[PDB]
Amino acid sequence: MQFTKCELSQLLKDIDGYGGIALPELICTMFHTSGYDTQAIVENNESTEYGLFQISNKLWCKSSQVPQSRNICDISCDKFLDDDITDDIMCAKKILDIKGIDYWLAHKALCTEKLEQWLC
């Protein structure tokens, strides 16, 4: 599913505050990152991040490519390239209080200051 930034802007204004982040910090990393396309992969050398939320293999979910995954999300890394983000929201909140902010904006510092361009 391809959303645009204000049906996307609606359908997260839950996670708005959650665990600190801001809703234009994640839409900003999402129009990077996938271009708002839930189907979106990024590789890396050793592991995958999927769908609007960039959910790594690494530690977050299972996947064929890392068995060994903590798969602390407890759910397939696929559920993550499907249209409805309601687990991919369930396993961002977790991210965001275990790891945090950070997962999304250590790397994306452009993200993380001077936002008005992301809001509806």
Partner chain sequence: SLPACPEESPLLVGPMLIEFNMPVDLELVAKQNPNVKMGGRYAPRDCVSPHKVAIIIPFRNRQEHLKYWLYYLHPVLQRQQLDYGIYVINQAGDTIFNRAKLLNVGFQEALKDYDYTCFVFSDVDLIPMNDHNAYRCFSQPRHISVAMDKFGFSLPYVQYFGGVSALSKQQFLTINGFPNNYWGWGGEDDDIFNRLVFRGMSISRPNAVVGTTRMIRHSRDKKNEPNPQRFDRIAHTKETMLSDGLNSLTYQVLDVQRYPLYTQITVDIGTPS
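The term rigid core refers to the most C-alpha atoms you can superpose between the two forms while keeping them within 1.5 Å. Positions refer to the first chain, counted from 1. What changes on going to the form deposited with the partner chain bound:
- After superposition on the rigid core, the Cα atom of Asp84 is displaced by less than 2 Å between the two forms.
- Once the cores line up, the CA of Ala106 ends up 2 angstroms or more apart between the two forms.
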Second form
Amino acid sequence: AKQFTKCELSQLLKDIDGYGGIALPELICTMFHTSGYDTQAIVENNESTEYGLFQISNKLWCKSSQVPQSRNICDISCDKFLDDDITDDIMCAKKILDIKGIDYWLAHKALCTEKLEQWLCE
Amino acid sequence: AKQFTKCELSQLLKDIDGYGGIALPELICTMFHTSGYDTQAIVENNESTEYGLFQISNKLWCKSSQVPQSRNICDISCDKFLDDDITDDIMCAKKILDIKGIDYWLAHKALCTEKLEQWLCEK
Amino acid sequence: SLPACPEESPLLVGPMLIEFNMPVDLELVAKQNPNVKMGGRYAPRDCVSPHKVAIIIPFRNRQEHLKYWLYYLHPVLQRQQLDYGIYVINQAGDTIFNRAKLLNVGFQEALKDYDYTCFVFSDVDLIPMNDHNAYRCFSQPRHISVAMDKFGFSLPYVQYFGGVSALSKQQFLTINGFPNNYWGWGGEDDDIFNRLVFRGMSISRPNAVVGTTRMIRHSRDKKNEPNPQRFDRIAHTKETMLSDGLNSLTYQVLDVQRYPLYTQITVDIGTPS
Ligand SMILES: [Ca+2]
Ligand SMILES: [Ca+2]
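The block above covers the form solved without the partner chain; next, return the form deposited with the partner chain bound.
Every component of the complex follows; first up is the chain already shown.
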């Protein structure tokens, strides 16, 4: 069981700072409201489920028994987004960022485009 | 399954824009309060059930087991209003519009005749 | 004897990690918060606060939800330097749920205890993510839960007044209180909104990043199935607010429980007509 902190998570996504018009602090704001930095956060729905720190949907990004016809773009089983190792979570989130964009996460436009100082980690 | 956004629903309701004199953002506002853009929204009363994004009732408009005597005005099973295609949902809604007007959805009068500017998709 | 507490509290920490995965022991949160007096009452020993806040919670059979609420809110409310009280208005029976009527009771039942001048009306499953989100009233009616996670952290609509709100005693009296004739889910928040606007008032909100809120994930309820009369009722608030409200409110108090963390008032509020 692993739960990051704001700055602890920040140093881990350093390669993402400047990744396609994306500021790391805006992305930190995003995950705080998305999962609260919790590697084991999970949201269960009727047809779908969202897994881990990046809340990655089994609809198309990963693979589960719930949605067997998922495209499985990250080419991985969904509950690998529940280990304490987000090394693979980052690899998939990077694909989300590259394909859908940072607004896959609803909280970015709504909350994380201004007042970014609280999410800065220096 | 499917649940639309204010912007996704906007592109799918083009052919209905102005139908009955009801503008696009009226619909979007109306269906939000009505179903929340959920295509699988099901609300069943004592003697009826409302189906899908438009919450079409089985009391009069669709063929259902619960209401086997239904007039079935829209020639369709109530269950096709729970899929992820709203093509035939719209064609029943056009028909509800023709007969009953916008007042089938009472949310329109209540919440969707003022401040329509928010239900536009930005870009 | 005691000075006036500042406009802004020094104790505020901002963003708070909210979790619902762990077990909560009401006995422990009590010892966690020793300054909270029997019945869920707290007032600063350091200052005198202008905010005399009665916090009303409409309730039936969500004790596990109530645990988490008290677990997070008491510490927040104390760091906000509020002269507050916690009222859980519990609906006795198995009949259709009436959120707005329970709120009316809470207003009337809290006044019996103390001279409250502000009233936070809060659902039991709504937790704030920032303690800068003030749980007290303003010059205008205050919408506190303005960026809910279930809504993608956006206001679903600009006339939405659901979840958590704050009304001064005079704002609550101007609109004849809340409606008592909304049985079931939905509408009461829209009607209450209509009452305020028709009385010239406007909605005051914190900015999105402050009014953030997590909701405790739960399956819907049979005793609170969606009200099919609501959309018809919202459209006639201007004509019904005078007849239905605080003036036409009746109830029967069955029980009053003074718990360490909250005051629970079990009430018979009747049945739909
Ligand atoms: Ca992982
Ligand atoms: Ca359909």
